[PDB]
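Report on the following structure.
Let's look at chain A:
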Amino acid sequence: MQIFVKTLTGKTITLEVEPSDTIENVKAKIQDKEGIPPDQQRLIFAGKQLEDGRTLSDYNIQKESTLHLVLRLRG
Partner candidate 1 sequence: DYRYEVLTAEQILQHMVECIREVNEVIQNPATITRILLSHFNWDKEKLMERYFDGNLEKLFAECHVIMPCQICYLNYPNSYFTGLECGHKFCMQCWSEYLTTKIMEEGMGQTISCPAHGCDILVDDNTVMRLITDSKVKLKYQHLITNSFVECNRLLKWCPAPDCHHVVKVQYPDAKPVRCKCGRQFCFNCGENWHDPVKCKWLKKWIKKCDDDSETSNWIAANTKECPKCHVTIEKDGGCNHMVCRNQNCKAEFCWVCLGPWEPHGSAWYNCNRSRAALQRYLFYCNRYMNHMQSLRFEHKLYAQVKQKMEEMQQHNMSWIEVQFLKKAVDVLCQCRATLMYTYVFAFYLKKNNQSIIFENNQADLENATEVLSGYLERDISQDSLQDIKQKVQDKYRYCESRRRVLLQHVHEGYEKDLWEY
Partner candidate 2 sequence: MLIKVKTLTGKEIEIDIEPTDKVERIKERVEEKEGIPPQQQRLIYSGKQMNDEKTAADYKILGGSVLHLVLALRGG
Partner candidate 3 sequence: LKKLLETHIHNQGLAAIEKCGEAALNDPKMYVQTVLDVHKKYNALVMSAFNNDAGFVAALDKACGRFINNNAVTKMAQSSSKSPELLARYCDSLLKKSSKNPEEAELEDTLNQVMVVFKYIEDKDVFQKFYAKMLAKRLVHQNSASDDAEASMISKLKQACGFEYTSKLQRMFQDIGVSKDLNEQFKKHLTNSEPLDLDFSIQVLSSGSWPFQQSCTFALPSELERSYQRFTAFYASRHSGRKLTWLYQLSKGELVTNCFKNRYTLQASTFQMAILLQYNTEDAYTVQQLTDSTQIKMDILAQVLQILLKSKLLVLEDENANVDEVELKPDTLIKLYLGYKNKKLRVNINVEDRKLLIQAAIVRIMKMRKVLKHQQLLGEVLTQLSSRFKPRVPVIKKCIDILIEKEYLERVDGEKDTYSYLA
Partner candidate 4 sequence: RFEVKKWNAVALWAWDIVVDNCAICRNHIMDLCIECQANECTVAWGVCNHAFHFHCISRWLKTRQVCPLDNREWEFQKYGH
């Protein structure tokens, strides 16, 4: 049960996560690993955006899969 996150600086990293976990907790894990505050991140998988409502299993996140990270500058 591991997935891959492609960071802004290349540096692909791997996450340990359970299929019942939510995107907010995923963001918290990414924040702990790298340092990006978990509120200007967007995670993109399979060409569709990842909101905060549903979960990885809902989004049909497989195992040993990659999902990208982009910034969410506002204001």
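The rule we apply is simple: a contact is a pair of C-beta atoms (placed from the backbone, for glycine too) under 8 Å apart; a residue touches a chain by one contact, two chains touch by 3 or more; residues count from 1.
How these were chosen: all candidates are chains of the complex that A comes from, given by their letters.
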item: Complex member touching chain A, one of 1, 2, 3 or 4; value: 1
item: Footprint of candidate 1 on chain A - complex, ascending; value: 4, 8-14, 31, 34-37, 40, 42, 44-49, 68, 70-75
